[PDB]
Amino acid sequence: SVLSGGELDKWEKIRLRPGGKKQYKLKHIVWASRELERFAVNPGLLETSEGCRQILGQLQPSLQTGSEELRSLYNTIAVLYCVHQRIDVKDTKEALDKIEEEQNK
């Protein structure tokens, strides 16, 4: 399974945008999984912090010139990586900053 019982609950509290109304749902995970297949990426990688980090490494070079679809996929996986990593986040913006802040020492 992509998310554990505890994970889904954290998942459901995270906002798509800072202070936004919309929050993450199972359908974003289902969409991200189909999307990965469309990008020739193994959707099983969604299941772990390490697999999600590998996917973001694969997608990031294309993120600067990316379409909304690619940017949305990337944002959803970053959030999932945080959830798998047990990094608390309130929204997608926070998730992206915390990942940026781990790497960037």
Given for the second form:
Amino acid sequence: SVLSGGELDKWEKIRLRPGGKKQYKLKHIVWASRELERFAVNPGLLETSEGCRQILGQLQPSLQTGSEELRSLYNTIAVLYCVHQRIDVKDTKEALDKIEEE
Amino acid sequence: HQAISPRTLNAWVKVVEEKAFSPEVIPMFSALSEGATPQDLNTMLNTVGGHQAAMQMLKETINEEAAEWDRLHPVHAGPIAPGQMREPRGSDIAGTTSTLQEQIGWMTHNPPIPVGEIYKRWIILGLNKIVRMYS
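Starting from the form deposited without its partner chain shown above, please give the structure in the form deposited with its partner chain bound.
Up next: the whole complex, starting with the chain shown before.
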């Protein structure tokens, strides 16, 4: 599977927006797997830091079009990556920021 | 040395998303794996989502070609000329038991053992079987 019981309690603490009410659910992992598969991309890559990292690099170019088609996927996977990597993040933006400077 | 690029991988899954083991996947597989090391080639294969039975088939492939390479390429006995590389076995060409450094060393040698080209051949053979099954 994608997250361990411990990772899961972390995940479920994290907010979509800074100070926002909506937080990340198991549904967002499931959704992200289904989307990856639609594009013929292996969702098993979500299971590790290195795989998430791979996919972030793949998605980045699309974000540079001005398409937003892959924006939530990218955001969900940026958070995942921080979780896999033990980077505490309270929200998506905090996650994008850590991915910013890496 | 630069590894296969994020955009190349995008081009590669785009092929699969659109063509999926119709005959056309093969020449695009072949052009996109241009200069690939066995490590690049497994990064390609590990990127494919959505085709689990085909990927299993392909890996099974792989393994047959690797066992066969080893049968036809017996290793020479007794230690080698100033450490200038062990001979690759099947699992090394397939990037399973070799190192990027080893893969490159074989690849750049004079004269060269093209472990990427050989691996690409086995994958193409496996993709030919998949295309034949799904046509």
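We call the rigid core whatever largest set of C-alpha positions still superposes within 1.5 Å between the two forms. Only residues modelled in both forms are compared. Positions refer to the first chain, counted from 1.
Undergrad: Comparing between the two forms on the rigid core: C-alpha of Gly66 shifted by 2 Å or more?
TA: Shift of 2 Å or more: yes.
Undergrad: With the core fitted, just quote the Cα shift at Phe39 between the two forms, in angstrom to one decimal.
TA: A shift of 1.7 Å.
Undergrad: Give the rigid core superposed Cα shift of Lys27 between the two forms, in Å, rounded to one decimal.
TA: Value for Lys27 between the two forms: 0.3 Å of C-alpha shift.
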